[PDB]
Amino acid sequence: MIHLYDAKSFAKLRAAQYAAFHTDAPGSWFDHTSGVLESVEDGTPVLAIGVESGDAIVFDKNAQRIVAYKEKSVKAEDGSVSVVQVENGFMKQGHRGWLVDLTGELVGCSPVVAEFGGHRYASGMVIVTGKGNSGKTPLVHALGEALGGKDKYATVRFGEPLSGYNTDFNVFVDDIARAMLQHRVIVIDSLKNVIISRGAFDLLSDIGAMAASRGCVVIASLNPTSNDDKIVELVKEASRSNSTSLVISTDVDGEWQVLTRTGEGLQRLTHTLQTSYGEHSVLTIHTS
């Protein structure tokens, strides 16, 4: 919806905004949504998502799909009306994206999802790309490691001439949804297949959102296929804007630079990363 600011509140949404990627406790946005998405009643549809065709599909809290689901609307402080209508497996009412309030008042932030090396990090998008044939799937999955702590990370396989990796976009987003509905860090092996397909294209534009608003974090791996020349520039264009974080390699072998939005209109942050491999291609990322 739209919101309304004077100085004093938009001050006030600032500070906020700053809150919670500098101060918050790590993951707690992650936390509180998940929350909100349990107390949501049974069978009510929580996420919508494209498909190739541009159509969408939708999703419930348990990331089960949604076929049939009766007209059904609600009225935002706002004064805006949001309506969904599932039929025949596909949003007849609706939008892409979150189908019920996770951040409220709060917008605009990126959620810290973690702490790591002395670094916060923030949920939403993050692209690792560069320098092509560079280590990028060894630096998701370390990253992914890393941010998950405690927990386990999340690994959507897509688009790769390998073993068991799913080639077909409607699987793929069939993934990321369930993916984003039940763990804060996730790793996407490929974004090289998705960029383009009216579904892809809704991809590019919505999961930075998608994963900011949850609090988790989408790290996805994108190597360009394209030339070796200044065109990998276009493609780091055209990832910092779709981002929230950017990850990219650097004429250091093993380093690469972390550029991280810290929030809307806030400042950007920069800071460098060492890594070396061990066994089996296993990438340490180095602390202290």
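Only the largest set of C-alpha atoms that superpose within 1.5 Å between the two forms is called the rigid core. Residue numbers count along the first chain shown, from 1. What changes on going to the form deposited in another entry:
When both forms sit on the same rigid core, the CA shifts between the two forms reach 2 angstroms or more only at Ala238 out of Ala238, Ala63, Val40, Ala68. Superposed on the core, the two forms barely differ at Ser163: its CA moves less than 2 Å between the two forms. Remark: with the core as the superposition reference, the CA shift of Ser80 between the two forms stays below 2 Å. With the core held fixed, the Cα of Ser134 is displaced between the two forms by 2 Å or more.
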Given for the second form:
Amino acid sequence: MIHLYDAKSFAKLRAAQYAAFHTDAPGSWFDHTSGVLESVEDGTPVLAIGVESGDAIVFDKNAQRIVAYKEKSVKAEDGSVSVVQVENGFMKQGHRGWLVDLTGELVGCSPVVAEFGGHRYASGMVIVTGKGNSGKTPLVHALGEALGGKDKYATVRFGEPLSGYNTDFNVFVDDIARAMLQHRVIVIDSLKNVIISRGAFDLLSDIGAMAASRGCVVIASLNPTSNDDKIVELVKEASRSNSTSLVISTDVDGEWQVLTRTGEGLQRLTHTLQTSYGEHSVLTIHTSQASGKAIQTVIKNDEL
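Beyond the form deposited in one PDB entry, can we have the form deposited in another entry?
What comes next is one chain alone, with no partners or other molecules.
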């Protein structure tokens, strides 16, 4: 909805967003939204996501698709009205994204999803990319495990010429919706095939906001390597504008840079990561600040 502010309320909003990242208990936001989702009326539409054609499919709190749901409106605070209607498995009325309010007046946050090795990590979308020899697949799994902490992480596999990999986009959005509805830490191996159809465009522009709203983190690998400025710029734009955080390789093998948006209008943070391989390519991230706009685009050049 729209929000109204004066100096006082805006100052309070910024203090709260700052806290959502810096001081809140890691993963508390996810716990809170999990509570909101489970308290919802059974059969109630909670999430809509775009399939390949640009049409949207809808899920309930248990990640089951809702095929038919007769028109039902809800008047918001600002006086606006939200309407949801599902027919023959497709959203007839409504919008893409969360169909129920998880945030409230608290918008524009990057809820801390976890703390690891002395650093806090934001929820939302994290894109892992870069050129060079440092492997991305091993990195997303190590990050997924590290941020999962006590919890297991969920893995969504898509578009790789390996066994058991789904290559159908519509099955992919189904997997993603189920993952965000049920887990705090999600790994997506290969955004490459989405990088273009309407659904693909919708996903890139929607996923970060969906995850951040839920308080879950989606770690997605994206390879730039494709000297075709048409696609390469799309990679830089996705990394620049649709990612809540960015994890990119450097000149030194095994070393990565983490760039994190800490909230609406807040400063981006950066820290480095050292890693090493053990048996069968299992990667481990070793354990034992503010970056400017210019520095940010400097890292973006790396992918050219």
